[PDB]
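For reference, the chains in residue letters:
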Amino acid sequence: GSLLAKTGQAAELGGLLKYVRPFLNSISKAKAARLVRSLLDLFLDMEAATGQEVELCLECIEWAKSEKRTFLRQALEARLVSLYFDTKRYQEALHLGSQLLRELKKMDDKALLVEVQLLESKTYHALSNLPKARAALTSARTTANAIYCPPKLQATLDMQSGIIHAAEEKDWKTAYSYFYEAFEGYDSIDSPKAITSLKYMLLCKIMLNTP
Amino acid sequence: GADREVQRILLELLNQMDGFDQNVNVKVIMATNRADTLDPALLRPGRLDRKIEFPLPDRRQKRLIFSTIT
Amino acid sequence: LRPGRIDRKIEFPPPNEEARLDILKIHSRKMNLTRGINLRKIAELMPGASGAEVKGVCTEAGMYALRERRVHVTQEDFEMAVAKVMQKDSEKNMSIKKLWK
Amino acid sequence: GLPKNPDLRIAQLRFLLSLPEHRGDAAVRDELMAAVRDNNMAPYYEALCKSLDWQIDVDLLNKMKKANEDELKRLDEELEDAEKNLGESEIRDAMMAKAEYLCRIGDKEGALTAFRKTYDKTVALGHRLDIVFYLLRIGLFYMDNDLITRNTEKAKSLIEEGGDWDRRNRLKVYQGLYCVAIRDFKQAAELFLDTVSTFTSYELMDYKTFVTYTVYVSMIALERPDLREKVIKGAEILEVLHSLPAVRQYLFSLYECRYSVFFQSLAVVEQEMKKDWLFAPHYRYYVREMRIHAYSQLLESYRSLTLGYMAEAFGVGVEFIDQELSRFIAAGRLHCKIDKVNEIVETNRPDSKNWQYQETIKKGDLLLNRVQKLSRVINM
Amino acid sequence: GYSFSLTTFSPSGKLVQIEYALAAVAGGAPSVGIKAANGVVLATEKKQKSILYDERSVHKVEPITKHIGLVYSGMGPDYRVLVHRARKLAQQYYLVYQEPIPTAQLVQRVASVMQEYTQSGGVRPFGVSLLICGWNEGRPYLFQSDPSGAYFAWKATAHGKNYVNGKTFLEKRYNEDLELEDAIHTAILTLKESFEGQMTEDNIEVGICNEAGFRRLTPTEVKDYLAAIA
Amino acid sequence: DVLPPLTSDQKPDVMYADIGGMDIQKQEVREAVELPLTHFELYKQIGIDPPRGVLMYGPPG
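Chains as they are written, first to last, in the authors' numbering: chain A, 54 to 264; chain P, 280 to 349; chain C, 306 to 406; chain B, 10 to 389; chain U, 5 to 234; chain D, 141 to 145, 154 to 209.
These aren't lab readings, by the way, just hints derived from the structure by calculation.
Beta carbons are placed, not taken as given, at the ideal position from N, Cα and C, and that holds for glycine.
Among the hints, a few may not be true.
[To be verified] Facing chain U, according to a computed beta carbon distance under 10 angstroms, are these residues of chain C, among others:
hint: 1; residue: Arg345
hint: 2; residue: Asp394
hint: 3; residue: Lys397
hint: 4; residue: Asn398
All chains, full assembly: derive it from the sequences and hints.
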C-alpha cells in the first residue's frame, strides 16, 4: 500500500483493495481493521484524486456493513465525512455526520464520537453558523474530557477550539492560548498542520494590537 | 447522635432544596473535592441542573493563570 | 400507633404505569410540547418511578431544551432525560445481588 | 408532520399555467397530472380543463370520478355507522376522513362544508385549531383571500383561549404567509424572523423556500441596522444561504453597497417573484420598493453627486436613472432634487429638528381635524 | 455506622463493613475480563507512582494452575495472601481428586475462605475483587468473586476505577462469538476507555486462558495488541 | 410626604478578567447560573421551575 501510494500507482489500488477482501475475512477482524485504516489513510492522503475518492469509500462502506464490520464502517464514514468537508460538500457532510452521531449514540464509542463532533463543528463553522459550531465544539469538549486525548486528537481539538473562540471577536487571549496548546501538540507529534496553528498563533497577537 | 444529626442535616438540606417556593430566584451551588461520593439523592436531576468540573490547571491553563496574576 | 392514638395508616407505593402517565401529563401541562411526543413510551421506559422523579424527568427535558435555547420540547429530549433521571446510573453495580439475596 | 392536503405544489403549477408565457410550456404536464390523478381532484380538473385549454384524460378522468364517488360512498356509510352506533370520537375520525378526502379531491364547497360541520361538533379545543389550519391551506390553495382572513382571525380567537405552543408557532408562519398575500411586508418580515429557527411547516412548503421568502420580505421591510442584526447575523440564514448563493448575492450586494450587482440580482429575482403563486400580485410593487430603498441608501451618504456616479454604480445609463428619480421624486419617495444643467442629484433631507417639526405639524392637523369633526357636539 | 465491628447486623440488615470493602474495590486498579467463543481474556493496567518502579518486577496476572489465570481489583497485599491461599487450595484439589480443580469449584473454595474472613470481631476481609479465567472439560469459564464471599459467572465484566464505563462498553462492545484475537482487542479497547493516560508494553498486562492452557502475555505481546492496533 | 426608596463583603469585587482563564468552566457556569439569575422569567414561561442547583467539583483550590 505504501509503495503503491507514494509512487502514484493508486489507480491500481482500485483492484488491490478488492483483491484482499477475502484475505481480510480469513484473518482476525481487528487485523483487517488496522490494514484497512492504513490503506485508506495512505490513499486519501496524497493527490490521487482520480475519479474514485468517495466511490471506493462508498463500496467499502457497503462491504463493511454487509460483513457486519460495523465499527470499521463508522470509522470509514468518519473519514468520508472528513473528505466531504475537504471537498466543500458541507450539506452531505452534515447529513453523514448527523447519522454517524446517531449510531455512535446508540453505542458509547466516545473515542470516535469526539472526532465526529469535531468534524460537525468544523463544517458548521464553514457554513457561518457560529452557534451550532460552538455547541458541537462544547459537546466534543466534554466528550474528550471523559477520556485522555492523544496528542493528535488533542491538537486538533485545541485548534478548532481556538478557531471557534476567534470566530467570536470578543476575546483573543484565550484563543491565543488555545492555539499555543494546539501548536505545542502538533510539534510534539511533528504533524505538518503545526505551521497552520503557528500562523493562527501570530494572528491572535496581531489581533491583540500588540505585534 | 452525631451520625443521626448529620443525616437529618442532609435530609433538611434536600427538603429545603425542593421546598424553596417558585418565583424565588435563589441559586444553590455546592463545592466538592471528590464528587465520586455525594448521595445520588442530592445528585437527583430534579434539583441538579449542571455538574461542573474544576481539575488541576494543566499546560495552557497554568500559563494563563500565571500571566493573569503576573 | 397504639389504638386510642392515631387511627389510620396509608401506603404510598411507587407510581405504576397509569400513575406515571398522570404525573407526566400534569407536570408537562405547562411545558411546550411538540407533535410526535409519545409520553406513554417514556412512562414505559421508566419502571419503578418515584413520582417526584417524574417531575425530575420533565424538568430535565425542559433543561435540555433550555441549554439549546429552545422553548419547546420533543420526544428526543425526554428520551435522553430518562438517561439521566434513571438514577441507576450510579446503581445496578454496588454489589446488590451479592451479599444480599 | 401535518398532512399535505391540499398540496401547494399543485397550486404552484396551476398558477404557472395561469401565466401565458408558461401555458405553452410542456414542463408541467409530466408532474402535475402525476399528482392530479393521485389526489383525484375531479372538481379542480373539471375547472382546469374548461379554463386552460387542456382536455380529458379519458381513463384517468373516469377513474378519477368513479373512485371519488365510491370512496365518498364508503366514507358516508362508515360515518353513518359511527354516528348511529359509536361515540363522538369515532364519528370525529369518520368525518375527519371524509373532509380529508373531500379536500384531497379539491372540492372547494364540499371540503368547506365538511370541515365546517366537523368544527361545529368538535369535542375539544385541540382539534379546533387543526381544522382552521386545513381551511387556511384550502384558502391559500384557491387564493381565496376572504376565507384566509376569516380563518386567520378564527385561529386568533381560538388560540386566545390558550392554545398550545405548536399551533401558536404554525399560526405565525400561516399569518406571515397571509400578510405577504396582502402586501403587509412589515408584519410578515417580523413573523418570518420570529420563526426562522422554529419553522416546522413542511406541509406548506420547504425550509429553503421559507428562508427565501424571509430574506425577500426583510430587505424591503426592515431598515439597515435591523437587516444587519437579525438577518445578516442570523446564523441559520447564512447556513442555508451557503447552499443558495443566488439570493445570498442579492442580499449582500444591497448590504455591501455593490449596487450594480444588486440591480442584476434584483432583475433576476423579479422573475421568481413573478412566477411565485403568492408573490406575483404584489411583484411590481416589491420590485419598485427595493429600487427606492436602494436609491435611498446611496443618497444617504451624499449631499450631492453627479448622475454619472450612480449610473456607473448601478450599472445603468444617465437617462434611465434620471427618469427613475423623476418618477420617484414625483411620487415623493426620495428627498432629493435634480440639477439637470450640471446633472447632479442634490439631497434635501430634513435635519432632525426640521423632520421633528414636520411630523409635529402633520400630526397636529391629523389631530386637530379630528377635534374639529368632534367639535359641533355643541349645538346638535 | 455499623462498620467498626464486622460481626453485627445493622437495623436494615446490612453489614456495612463489607460494602466498605467493596468501596475499596473499584477504587483500585481498573481491569476487564471477558469470555470469548474459545478462550477467556483478563487485562489489567500497570501504572505506578514513579518511573523508578520497575513494573515487570510485580506481576498482577498470576497462573493458579496451567489452566487457571487470576486477576485482582487492586488491593495488592490482600491479593497476594489470597492468591497464595488459592494456589494452595488448587494444589489440594489437584492431589485429592487426582484431577485439576474446576474453575467454578476453585472460585467456590476461594469465596469460602473469603467468607471465613467475613466473621469474628478482630479480623477484616480482603477488599479484593477476583477475576478468574479457566478451562474445564473443553469449556471456558470466567468467574468473579467479591470479599463478601459471593461469586458469579460473567460473559464479560470489569472492575476497578471507572468500572461503569467498562460495563457499558462490554454491554455494547461484545458478542459471545468473539474470536480470541478480537477478544483481546475488545479487552484492550475497554482498558483504553477505562484507563487514564496512554499505554505501552510497560503499562498493561494480560492473561489468556485457552482450552489447551493458560498463559500471561509477555509485555511485547501486550504492546503488539495495545500499540500498532486499535 | 413619601420618599423615593449588601449585608456584608458578600459583593466580592472580582471579575472574569481576574479569572485565570477557566474558559470552559466560565461558559459552563455562565449558562448554568448567570442566564438563570438574569433571565429566569423566560425559563419560567418555559415552565420548568428555573434552575436551583449546580455542582462545583475539583481539587481543593
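*asked:* Holds or violated: the hint that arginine 345 of chain C contacts chain U, with Cβ atoms closer than 10 angstroms.
replied: Since chain U brings no Cβ nearer than about 26 angstroms to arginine 345 of chain C, farther than 10 angstroms, the hint is violated.
Inset, instruction - Please verify that hint: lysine 397 of chain C, Cβ, nearest Cβ of chain U, below 10 angstroms or not. - result: holds, 8 angstroms
- [ ] Mind checking the CB of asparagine 398 of chain C against every CB in chain U and telling me if the closest is under 10 angstroms?
- [x] Because about 6 angstroms separates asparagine 398 of chain C from the closest Cβ in chain U, which is inside the 10 angstroms limit, the hint holds.
| task | Hold the hint about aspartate 394 of chain C up to the distance rule: shortest CB distance to chain U must be less than 10 angstroms. | result | Status holds, d = 7 angstroms.
The structure is inconsistent with hint 1 alone, although it conforms to all the rest.
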